[PDB]
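This document opens with one chain alone, in structure tokens, the form deposited without the named molecule.
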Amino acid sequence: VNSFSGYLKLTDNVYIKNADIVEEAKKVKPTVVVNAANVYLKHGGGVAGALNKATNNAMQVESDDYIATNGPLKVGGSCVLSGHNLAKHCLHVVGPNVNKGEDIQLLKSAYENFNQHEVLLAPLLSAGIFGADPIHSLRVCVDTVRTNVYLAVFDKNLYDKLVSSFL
């Protein structure tokens, strides 16, 4: 259905809302939800942990089998698995972990994966424990993505910072 409510347009194809991505997914039932994954699809903290926990670990069991069969992802890469109760599909995208010396230029490759899907609900990539500046992350998203992305940012203080840096 993709019934997003209450978003602000930052550009013709990029929208933002002050919301929890899990709560949004449950209420919007999007075609694609994006996960901020690592290369072994171990969903231990941050957004990955929260999305997995909302599937009652169905996402981790499916991920372990994917890795066993196909091997790990590369930084900047992605795979499409089941969305379980959150969406039709989950796009697991690996942004660079700046804290661990992964190259920030790969954030652009990470966001390019979004262009394979017409509508996505997504978090900001490489924010949080991955260590990237979230405003920088949004800037790359807006420069790189050409499809329709609905971004959910939970922290109100961060949300207000982003909105005023863009508008």
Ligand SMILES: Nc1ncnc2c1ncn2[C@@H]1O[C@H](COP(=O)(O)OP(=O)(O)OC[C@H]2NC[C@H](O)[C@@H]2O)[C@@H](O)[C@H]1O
Contents of the next structure:
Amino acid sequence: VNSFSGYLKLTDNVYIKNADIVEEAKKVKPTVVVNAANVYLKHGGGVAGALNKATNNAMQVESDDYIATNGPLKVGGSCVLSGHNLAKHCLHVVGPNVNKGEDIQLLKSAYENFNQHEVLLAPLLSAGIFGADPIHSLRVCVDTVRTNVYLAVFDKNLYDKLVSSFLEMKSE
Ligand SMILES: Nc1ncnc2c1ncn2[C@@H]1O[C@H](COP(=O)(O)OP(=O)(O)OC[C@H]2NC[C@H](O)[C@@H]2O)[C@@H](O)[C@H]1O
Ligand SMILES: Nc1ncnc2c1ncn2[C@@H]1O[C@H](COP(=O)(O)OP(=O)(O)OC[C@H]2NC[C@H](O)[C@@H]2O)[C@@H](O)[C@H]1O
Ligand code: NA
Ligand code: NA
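Compare with the form deposited without the named molecule: the form solved in complex with the named molecule:
What follows is the whole complex; the chain from before opens it.
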């Protein structure tokens, strides 16, 4: 369906909305929802816990089965699994965990995976539990992704700070 509404257009292909990503997925029924994951697909808190909780833990069982068969992901890597009741597909992407000293440059590698999908509902990778600057995560997204990406930012204060930062980045 991909029926997105109420987004602010930042560039030709990046959009942003002050919204919860699970509530957006339930309203839009997208082809692809992005999970901000770790390499073992152990869905803890933040976006990963929210999506898994909305699938009634189905996402975790599937991920456990995927990892057992295939082994862990690499940082900057991804895998496509079921979106369960939220989306057709879920793209699990691993941003660098800068809190564990992983290389912030792998955020470029992480967002590159979006380019295999016509349209995506996504969060800001690495910007929460993994400790990257949200503004920096938005910049890499804008500089790296060429396909259609609708970003869900649930916190209204972060959203307002992100837009103001983006305007500053664009005019300077
Ligand atoms: N109507 C509604 N129902 C249910 N859940 C909702 C709703 N609206 C929003 N949400 C989302 O439920 C989520 C509850 O908060 P939570 O899952 O705890 O997110 P976090 O605050 O942990 O975000 C993770 C990271 N952000 C920066 C910090 O470093 C955290 O590590 C939060 O994202 C809300 O936006
Ligand atoms: N429900 C929801 N909707 C929208 N945006 C959200 C939500 N929950 C968190 N966020 C925001 O999305 C951003 C991504 O943070 P997070 O979900 O912690 O992902 P990370 O890439 O930083 O960390 C990944 C790790 N968290 C649990 C996973 O199992 C990974 O180990 C950050 O700005 C959060 O405040
Ligand atoms: Na900054
Ligand atoms: Na604000």
